[PDB]
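FYI, not all chains are in this one, though none of them got moved.
Chain IDs A, B and C follow the sequence of writing; residue 1 opens each chain.
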Amino acid sequence: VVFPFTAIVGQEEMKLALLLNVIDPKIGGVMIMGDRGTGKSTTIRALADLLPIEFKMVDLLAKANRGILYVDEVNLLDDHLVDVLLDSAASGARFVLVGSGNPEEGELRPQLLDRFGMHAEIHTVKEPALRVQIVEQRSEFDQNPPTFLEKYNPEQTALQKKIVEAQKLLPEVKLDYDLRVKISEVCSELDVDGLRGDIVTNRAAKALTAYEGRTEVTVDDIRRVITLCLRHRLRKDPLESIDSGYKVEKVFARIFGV
Amino acid sequence: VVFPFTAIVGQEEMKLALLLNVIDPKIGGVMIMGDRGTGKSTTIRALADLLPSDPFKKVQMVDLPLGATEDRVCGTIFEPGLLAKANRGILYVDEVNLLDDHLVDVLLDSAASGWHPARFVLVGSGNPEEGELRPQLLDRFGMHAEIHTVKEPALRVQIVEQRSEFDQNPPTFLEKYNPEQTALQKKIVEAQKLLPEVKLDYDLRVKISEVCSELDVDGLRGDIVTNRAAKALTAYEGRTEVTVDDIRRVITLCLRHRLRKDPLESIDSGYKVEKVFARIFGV
Amino acid sequence: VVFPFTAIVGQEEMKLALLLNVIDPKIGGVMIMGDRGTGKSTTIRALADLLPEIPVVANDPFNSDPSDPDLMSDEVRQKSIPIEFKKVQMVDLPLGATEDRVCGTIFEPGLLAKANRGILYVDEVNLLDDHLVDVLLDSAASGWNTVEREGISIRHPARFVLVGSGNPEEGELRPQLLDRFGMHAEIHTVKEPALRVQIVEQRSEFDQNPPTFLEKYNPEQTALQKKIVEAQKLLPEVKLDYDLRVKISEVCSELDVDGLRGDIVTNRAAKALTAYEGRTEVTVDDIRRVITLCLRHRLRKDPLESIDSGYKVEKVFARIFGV
């Protein structure tokens, strides 16, 4: 037995990315770097559950037609891994290319690092009140599993209903041409080395609206996903005075105005 | 069903070289150069559909993964190998530099030798930004193209929309793009027969040999491919002649990669060739 | 036929860690590194006698337990005889060994197969080849055997303690393997002349005639055999106050430590130490005797180590608690 998806607290970057990937798998995969203790492998296994013939998870070549695939070892991979990711999003086995990375040791190669389309980072909690909450939850889980999940059972049905309703809202796009020109302009303003970025963000932010249930796409929607998919492609130079995400925010502000 | 070879926005450098190598099997391949993206792989797979031992069906494109050995490459036993599939087809090599072996040398040697006869094309790619190939092994390739990322808002949105369109309805689009594709196929079929009729003046041969000799280019490989490429281009334009202008359009990208590597200063690659061409010609 | 446990002179810190870990297997193992001599394993191999007893289903090569389906083997899960008194088994692997014995060979029983609910001892862990050491990282932290190859599949629970020793002036395992071991303790050399004379005389005396000497120490050691079973009974009665947890999670968070890996063990180590003493409540003193031992190899900082890690932990503890 594993935690339900509504057990992780505070840290929420991966949730948005994984839920966006689940609704539409055309984006690709997600690359996450973080420590070996903060709980990267625990939260993902939760997402394996509560996933909506009569249909109702793979860990590292044929049984991948439905369901995500977790690698756990791609970071130290030297080569070949390119073959599996190319073959995945090439029709003749659609699945989510969720992956695990570490800030040190293997960092992959810029030739491959631009085949994924999503990237989020992990930061420390730095909160005594929250850490004791997590410790208490883990302890009461360890005391006995079965009664713990039943307590959090009610919200899982609501989450499933929301995901199912949002999945079938594909025609809701209403994406404005002027905003498409503006996003292409801001992306092309910095060095991106290809057209991989523009296609990913155009089909990502729109889908976020489908999560909420609205129809139109405004600046607020894009602002929350613009950094998350156009940061690791910004490998300008090792002279990193500040994190590239802040540079993305700077160019975002200088163009739209905020 | 795949993307047609007419909707690729811009990038006339790759298309011209690919067409020339298609209409002239003995040129010796291309080494498309550039950074990531910009449709290196889409164009190659878009070329295969646009196509109609010693003595016929539809052509097939053959590719191999980066991780391979002689178990599949050789195709040892009457088992036919991977190369024994393109008797009238094409073969693709990716990240050539990442393949540290003599297998790449074997493939180059198998070219221009129809004895198992294969007679395919040898498009090369990779090396976005990870060290140039060996100065010897790079000298057995016909022409060296180049790809650069488009820098403009008007096109950058359009291409994206175009791609999105192909995911709205992958079928029901070829008929919309049918008339453009058929025009190119008929033209290339016609041009494949007019080639053995071009005449090159002896006087221009002296001038082109002088142009080659003025540069400190080693060997004679720079004067066995240009003569064929100019004839192929002139035949492609549907004529039986050659002027000084046609050679100019297939000389910069045919001999650029044979130049001296020495970084004495920052002379541009094509600028030196253009300067020499202007110096020894009346253009 | 070996050196009795209650004959070691000095080296108190290692004994405390070993007994604390053997009280409750939810520890994560113990790491021992230090100079030659000083009886690194002279003590570890002496733990065969000082062990409790557990019930095991009869004629079970996998050493399963009554019920406990979560960790119940195949022959009791899908098929479902009486249990009997049995001893906790300690097994060790040599530095030079093949890979056939460690894993399965096809079902044959592997080295880990006859290691459940026991203690795994490795000697000179810094000299083992990387081929074998990459298999233990699979069975550990997963609690399940993996070998199912050769066309026929087989599953097997696997859980041990994995305590080991080594030498610090040759290498330190892998950067990631250090996090598998929950506890880490080091030994120095006692330089008091009287203690050295005492240990030399003790070793010489035992070297004369084994059976007469060991029996002399019988009255004391047996008492320990009837003092460690008390901790395993009073353990599920200790309680922690919110003021204690809010500080055990504050001291760790103040230092640049990996998230929720150091706080969990320190919350389960001191809480068990009282059971060894015999009380039912935890005081501030009990924190001081386990805080240094637990948060040592998690402390990742700059390569410069002019200060002492134990000194840093003690001073931050004093500053936070005001002691």
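Points worth noting:
Just so we're on the same page, contacts are C-beta pairs under 8 Å (C-beta built on N, C-alpha and C of every residue); 3 or more make two chains touch, one makes a residue touch a chain.
Here 3 copies of the chain are placed, and the complete complex recorded in this file has 6 of them.
Rule of thumb we're sticking to: only the chains that are shown with their structure count from here on.
Chain centres here are Cα averages; for chain A and chain B they lie 39 Å apart.
With touch defined as above, chain C holds no residue shared between interfaces to two or more other chains. In the complex of the two chains, the chain C residues touching chain A come out as 176, 179, 242, 245-246, 249-250, 253, 258-261, 263-264, 267. Taken in their complex, chain A has these residues touching chain C: 35-39, 124-129, 131-132, 134-136, 138-139.
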